[PDB]
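Given the coordinates of chain A, work out where chain B should sit on it, guided by the hints.
Protein chains: 2
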Amino acid sequence: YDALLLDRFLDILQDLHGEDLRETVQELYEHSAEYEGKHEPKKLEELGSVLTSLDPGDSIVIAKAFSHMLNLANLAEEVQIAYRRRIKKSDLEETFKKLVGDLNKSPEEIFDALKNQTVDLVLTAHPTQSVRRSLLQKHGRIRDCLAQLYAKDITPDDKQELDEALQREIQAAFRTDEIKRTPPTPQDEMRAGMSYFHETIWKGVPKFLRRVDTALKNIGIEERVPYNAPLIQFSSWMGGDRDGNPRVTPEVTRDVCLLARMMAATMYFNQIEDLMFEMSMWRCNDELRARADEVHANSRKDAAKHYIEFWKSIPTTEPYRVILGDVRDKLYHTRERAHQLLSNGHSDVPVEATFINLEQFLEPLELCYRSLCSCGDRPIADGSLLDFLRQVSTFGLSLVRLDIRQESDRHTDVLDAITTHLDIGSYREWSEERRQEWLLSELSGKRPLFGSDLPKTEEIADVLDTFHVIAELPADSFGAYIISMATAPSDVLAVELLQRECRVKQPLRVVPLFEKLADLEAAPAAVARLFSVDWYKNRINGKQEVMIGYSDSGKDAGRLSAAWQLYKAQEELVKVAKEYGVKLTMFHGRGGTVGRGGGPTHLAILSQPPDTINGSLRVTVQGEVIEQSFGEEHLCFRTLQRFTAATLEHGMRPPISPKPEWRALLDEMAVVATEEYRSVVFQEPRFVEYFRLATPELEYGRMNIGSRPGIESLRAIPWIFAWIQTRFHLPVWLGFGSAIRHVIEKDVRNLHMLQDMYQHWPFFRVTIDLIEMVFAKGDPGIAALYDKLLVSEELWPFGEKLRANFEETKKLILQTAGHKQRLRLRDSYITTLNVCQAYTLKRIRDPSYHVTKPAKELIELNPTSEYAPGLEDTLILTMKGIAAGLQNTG
Amino acid sequence: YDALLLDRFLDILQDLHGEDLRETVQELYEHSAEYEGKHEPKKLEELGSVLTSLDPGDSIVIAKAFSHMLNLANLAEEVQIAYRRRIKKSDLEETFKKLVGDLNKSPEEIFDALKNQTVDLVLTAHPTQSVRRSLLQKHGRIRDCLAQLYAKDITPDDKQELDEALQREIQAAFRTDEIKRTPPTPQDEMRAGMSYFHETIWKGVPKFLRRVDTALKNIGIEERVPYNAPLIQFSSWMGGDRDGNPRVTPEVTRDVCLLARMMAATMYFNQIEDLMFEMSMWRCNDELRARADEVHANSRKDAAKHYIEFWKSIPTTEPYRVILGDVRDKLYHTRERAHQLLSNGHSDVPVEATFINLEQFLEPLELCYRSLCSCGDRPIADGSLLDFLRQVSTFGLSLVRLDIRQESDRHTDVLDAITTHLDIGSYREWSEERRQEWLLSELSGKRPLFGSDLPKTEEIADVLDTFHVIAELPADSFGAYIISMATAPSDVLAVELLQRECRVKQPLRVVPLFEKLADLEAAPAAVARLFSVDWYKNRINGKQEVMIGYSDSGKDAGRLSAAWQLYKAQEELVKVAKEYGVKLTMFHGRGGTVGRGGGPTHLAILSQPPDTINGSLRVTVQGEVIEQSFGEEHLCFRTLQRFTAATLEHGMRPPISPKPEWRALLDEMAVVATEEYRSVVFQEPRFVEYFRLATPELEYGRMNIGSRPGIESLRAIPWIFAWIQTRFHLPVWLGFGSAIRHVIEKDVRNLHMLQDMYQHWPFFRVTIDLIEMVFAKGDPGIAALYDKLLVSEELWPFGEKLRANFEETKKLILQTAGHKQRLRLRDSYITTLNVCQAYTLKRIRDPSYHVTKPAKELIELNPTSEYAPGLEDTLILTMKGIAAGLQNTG
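Residue numbers (the UniProt record's numbering), protein chains in the order written: chain A, 33 to 121, 137 to 756, 764 to 874, 885 to 916, 930 to 967; chain B, 33 to 121, 137 to 756, 764 to 874, 885 to 916, 930 to 967.
Note that these hints are calculated values from the structure, not bench results. Honestly, I wouldn't trust all of these hints.
Pairs involving identical chains hold if they fit within one copy or between any two copies, as the list cannot separate such chains.
Said to hold, decoys possible - The list that follows gives simulated cross-link-like pairs (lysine-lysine, DSS-like), each with its CA atoms no further than 27 angstroms apart:
#, residue 1, residue 2
1, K503, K552
2, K842, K96
3, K264, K162
4, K254, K206
5, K121, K199
6, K377, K352
7, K145, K206
8, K199, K254
9, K227, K352
10, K96, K906
11, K206, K121
12, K144, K206
13, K120, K206
14, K933, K359
15, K227, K359
16, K552, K584
17, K199, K120
18, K625, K590
19, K206, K264
20, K584, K625
21, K120, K145
22, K933, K152
23, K74, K906
Only chain A is shown next, with the shape it has when bound in the complex:
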């Protein structure tokens, strides 16, 4: 069946570029097959020799071919998973059954805990989505065709039309330039993010809630999940995160907020007419009767011809239609107002004519539900009206609440400008004590701080203006203000003061971001010191959120030491919050790749310390993971399923707490791991030199994914990207070798204790299992090829040293997990691209192949390329394709 895609695609490839190129692709496929089979490292050079002959356009077409074959492989994989799972006629029903049988927990305990559980998924525009949106659509159509094909209810003509359809959709995908020729704007990122709503999430949330209702009824709970129960919520960073991104201006935040508001209004308006058509009952309570009579009083006996349906005044015979008719009016004016507010700078639509409250909207629909239930129509109410109720109470008036993130030093610059202009000192030079006392005196004082005549920099005015934009916009449009590089209470209080001083009517909650290992070590102390400030603890209202970054932790220290320190951090933060009677919810800045704290969602949630969630979880979805977990109905459902199940289990089934021997053992193990990591990534003075040559790191910025314009000083995303492209995975497994070897060296029974830990401690089991997965996607022969082709003859053995540790570390991993279904084949395509990526890099770093109208062929697609005509496009294509094959970018 794997041969099917090969057949169809290669047929189209021959129909587009001839037999010769299809035969050369087939040769490359056969060489790569002999490599992923026999594993002879000579086969790689045998393949590269064939790759050198390729013309400038032909090499482009080859990279194109293997890239699209990898994409098709991903789509067929998704179809086969969805069907293989569907033909069974963790999981929600299974989780409920296990919670009842195993742990003796009762249905009402599961229902009660589930009512009070919340999962806040926040989508980010982190530049990890390699495939452009113009192609993502075509992939969606192709997986639709393949899903409809993988079935036994095909009527011959339908199958033929799907053949023509899949053929034309592949041809259309292959006929689009996969290369972003300009990087996006932040608004473009926010559109790419929100597109999953008016395509999947909007209908996916009500369906998922209905399924939860079904499961609860399969445990004996006739009751239904409350429509206003917040089981899942959505936040966004798109247009809000300005940390290190000067292109995210205040006008950008205004733009994305108004945008989201207009989208929400449009969706509700499209729904409301069909809902009005269904609510055709004539029985209601005395309550809904009285209200509908009120609306019919001010019914405006007018033509009302701007609508299509129900343009005549709605009779009181159908009262639900009266009330929903008023909801439609306020929806129409809400949409038109947001449309003008966005299109121009203003609107004449009266605010009283729109929905201003989150639940001015909800009130009439709630009334309809009470009416239907009182009159015996609970089945009807639990249908489209319940779907709509859940959509309102889940998406509100602005589809997603927007977070604003900014580094602490920018707030410090602002305050320093304020104290210098006020002739009271320099806030920068002040100690922490002084900053705290001053900020407190101003927060509790009543006199304004700065004035119109405060001297501002473009940066200072940037942050002040973002605060004014926050003040001008509705409160329910924003989420949290996240402080990057937050270290002291003065960093939070600075934001509270700048908010209050910028006349932010309803100030949003402040949340610190601890991402570097040093900040994670000292985080509980800082949070405790903040809660010690009685003013802040009294204004925090017993609830605090703090963000815990995962990207940078495993970059400066070992991955093992980073994970372990993260566990300690969560644990002691909960300790502090409990010590101050504050409900702490922790915001996990997880990635898609294990190197940035990624991995399977339920495994990541299981590897959290116990009693640290408590029905309140907040997780990032890094750009590319959005597509991974919401591009199809089934994907979206499996996502919300996975999250809510893992949280509920982690609430009622607490993971085992580590034995103290395991605590000290992991402390020692972490020390050895960190020394082993920094030994090779920072102590070696030639390491950065070898890295900038053996990996395609430097070229990452050429993909133009995001809108953001030594090794310690680079972003973690291209850091993981470099070692995953080469399939070496250094940042995933580095410290583990020396760690384990030292732990068995110091004591031989520590082997029995490692075996003991892998079979009982969820955190350790998940860590080791992830490392094993990452090893299963690794092949050191690739890194060997990159060294042989791109690294100078001098420090060739350096890489070999690494190659040693790799295998050594792998030997230890399987030794702890106790290990020694036949997918493979895709690694063949990937291998070809690996070779193509290596040789092309060699031709890129040369002088001869450097530079000293319309387009009718691929080579004319890059006229402003500093490198040779056909080369740059080929390199970008190789990166895209390899990322697709590995199902991860960074």
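Leaving out everything else, chain B in the frame of chain A:
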């Protein structure tokens, strides 16, 4: 499986009204089962005795129950047909194969004939749709649930959720008042009609064309049906037909025209963004390159924030996106202009900013298609772009072209006002010759006729103002001007002159309506006399359309005589048109019921005389038939399939022409039939008396279906309705008895000639077979019950006489067809309603049961009822239910 619906519905009925009423419904079902089985006429009285006991509310609930059970039976029937047809893995592919094998016709002949073939389906608001739209939606949801259930890919939870869904949707249907409490406005009729577009037709037309493409490729024709080839078109009467309907004012026509235009604009706008996303190619011709460069010149470097997607200026890298971007702009302004024009009386949107031409729209899309084909992307072009092309060239800027219909006497009144005010005579008193000469002198003259100071009646001003409204609106928004009761060329020329004189820039074609038998007899002579007028034949441009009514023909004369005269009419009209070298297209005013010329569509088309269509057909779809043939994807497809196949076959496979012995035989047979018909329906002086008592005719107007406020002087719709409710079908079979008996009496070999005619002449075969179908839906015991319960003891034998002829006629029908799968059961429910309808009529026509806030029970739903509280609702419910069971209203 029939028991399934009974189970589910009766479960809900018990959950809504208790065991007692469910048991009484079950008793009624069992009595009706013993009646439709044993056929004992005592069982009917046995059932009515049970019906008399019912409380006022309970009888309402019983009629409700059997009505909804009949509706569910219809839906299950539709599902079972669609699946039973789908599990085969006339018809298009079969028709092609037969045209090749049987008749030796070649593929290019079928393709050429199919290119030049047109089928114009015109939807009417004729008051035959008994079920209100508020309930029609619920039926749609219920058939969706039942369709998804009738399958073997159900995953347990999906099946349970569909159980809850179908339960709540039945409960919602049963919880709506099925009774229209006020009759609709014409605009409401036009909305009900157009709703099938933005639900089924809009996506159904491209799919159907794709299927035709598939069939053509299965004959070896790689070519595709031209996007602009007009295989199917849609016209409307909703808001245009004012014949006898004073509520269809000129403002109504303006309203429905602007409405339709705004709907079309909205649909195109919703499509255009997704089409823009797909057309992401970068290769184009020099032509499309030059045009896209033109658009990028006047690109308006602006924010363009009113859009959601593509708000940035579209780069020339993707030229299809540039051009489709301009199409989107003109679509946005077209929609906004029509929206303001409708909402207010005017718009500030410049006309140059919108699409004014039918193919100003088409030009850029045509260019995109030429580009894709030239660059090798014909597969891509034959996808969404082809779907969109076909939708544009099929629906245009206003979804349907509107017809205006008006009776001739109103034009005559206008002209008489004009000649009297001009002091030149009285146009009424003028002979035909004089009217022709005068009208010709004015049409060819250049001086204006009437002025501002012409004295007008409300009627005269009605028609003049409809002409001004026609002049004010775009030409492509209107279809034809149909003249009711048209008898002379002066009737057509009057409309041509009134149009020209009301400054109708592009005057619409005039078409006469011959519906009464007298007018059909003299139609060819009148058309020939019209073509004799050289001025009109020179302005007609070789094309003429004439309408042929079917409703009134079978009302004043026999059904057989009516059908036969219709055949003669078509035949001699074609003779005249060929004699004048005019391409005649005939407009068949067919109904849904056989009594109004209804029946299966392919059978009606086959019963047309040969060489009378010639790739040009125009057929009405009477109100209720719209729902019958477009309420589901499958129904819509089977409809367009049936029509286009029947027309193509009737073009290449001409039906046999009648032998002259059959001509004279049918002439005699028609004379005997007409005398037999008028003998009982007009000669009998007590006939009208017996009719107004034995049938529920008089109560028809109580259903409030349409917006239109002796027996010769009633409408044909309630005429067929009365005899189908009682299941007697008098107007379908009346003349056939005496006709056949006289034909075998005059000559015994005429029996062998009838046997000869039934096996070779398609018109006769269809006629007899239809009569046999109508007999299969008849039961004279019902009419016997109505007589026994409602007809005075005096003329009881009169009905029995009719009952005699019934059986007698039936004996003859099966004797000609040579006749002597087990659905039945539904006739049980119908029978119950029959009984309920009879006894209730008896209680309605009494003095004791006559009349001399909110609502919380069914009896309070009618507070202004002249009859007893619970009675009127029960009668209306019985009519609705019986019509549903018989699948026909009138």
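Hint check:
Only within a single protomer do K503 and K552 lie at most 27 angstroms apart by alpha-carbon distance; the minimum there is 23 angstroms, versus 67 angstroms between protomers. Proximity of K842 and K96 under a CA criterion of 27 angstroms is satisfied intra-copy only: 25 angstroms inside one chain copy versus 84 angstroms between copies. For the identical chains of this complex, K264 and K162 are intra-copy neighbours only, at 15 angstroms inside a copy versus 58 angstroms across copies, given an alpha-carbon limit of 27 angstroms. Taking CA atoms no more than 27 angstroms apart as the test, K254 paired with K206 passes between copies only; the shortest distance there is 14 angstroms, against 29 angstroms inside one copy.
Both within a single protomer and between protomers do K121 and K199 lie at most 27 angstroms apart by alpha-carbon distance, with minima of 16 angstroms and 11 angstroms respectively. Proximity of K377 to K352 under the C-alpha cut-off of 27 angstroms is found in both arrangements, the shortest distances being 16 angstroms within a copy and 23 angstroms between copies. Taking the shortest alpha-carbon separations for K145 and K206, only the inter-copy value of 24 angstroms comes in at or below 27 angstroms, while the best intra-copy value is 42 angstroms. Taking CA atoms no more than 27 angstroms apart as the test, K199 paired with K254 passes in both settings, with 26 angstroms inside one copy and 21 angstroms between copies.
Within a single copy, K227 and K352 get their C-alpha atoms only as close as 45 angstroms, which misses the 27 angstroms cut-off; across copies the closest is 22 angstroms, which meets it. Within a single copy, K96 and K906 get their C-alpha atoms as close as 20 angstroms, which meets the 27 angstroms cut-off; across copies the closest is 82 angstroms, which misses it. When the C-alpha separation of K206 and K121 is checked against a cutoff of 27 angstroms, the pair qualifies both within a copy, at 25 angstroms, and between copies, at 11 angstroms. Within a single copy, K144 and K206 get their C-alpha atoms only as close as 41 angstroms, which misses the 27 angstroms cut-off; across copies the closest is 21 angstroms, which meets it.
Taking the closest pair of Cα atoms, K120 and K206 come within 27 angstroms of each other both inside a single copy (25 angstroms) and across two copies (14 angstroms). For the identical chains of this complex, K933 and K359 are inter-copy neighbours only, at 25 angstroms across copies versus 57 angstroms inside a copy, given an alpha-carbon limit of 27 angstroms. In this assembly of identical chains, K227 and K359 lie within 27 angstroms of each other by CA distance solely across copies; the values are 15 angstroms between and 50 angstroms within a copy. In this assembly of identical chains, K552 and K584 lie within 27 angstroms of each other by CA distance solely inside one copy; the values are 20 angstroms within and 79 angstroms between copies.
Proximity of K199 to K120 under the C-alpha cut-off of 27 angstroms is found in both arrangements, the shortest distances being 16 angstroms within a copy and 13 angstroms between copies. Taking the closest pair of Cα atoms, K625 and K590 come within 27 angstroms of each other only inside a single copy of the chain (11 angstroms); across copies the shortest separation is 89 angstroms, beyond that limit. In the homo-oligomer, the alpha carbons of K206 and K264 lie at most 27 angstroms apart only across protomers (14 angstroms), although the nearest pairing inside one protomer, at 39 angstroms, exceeds that limit. Taking the shortest Cα distances, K584 and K625 sit within 27 angstroms of each other inside one copy (13 angstroms), while across copies they are farther apart (97 angstroms).
In this homomeric assembly, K120 and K145 come within 27 angstroms of each other (Cα to Cα) only inside a single copy, at 19 angstroms, whereas the closest approach across copies is 45 angstroms. Proximity of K933 to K152 under the C-alpha cut-off of 27 angstroms is found in neither arrangement, the shortest distances being 68 angstroms within a copy and 45 angstroms between copies. Only within a single protomer do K74 and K906 lie at most 27 angstroms apart by alpha-carbon distance; the minimum there is 19 angstroms, versus 100 angstroms between protomers.
In terms of the numbered hints stated before, the structure departs from hint 22 and from no other.
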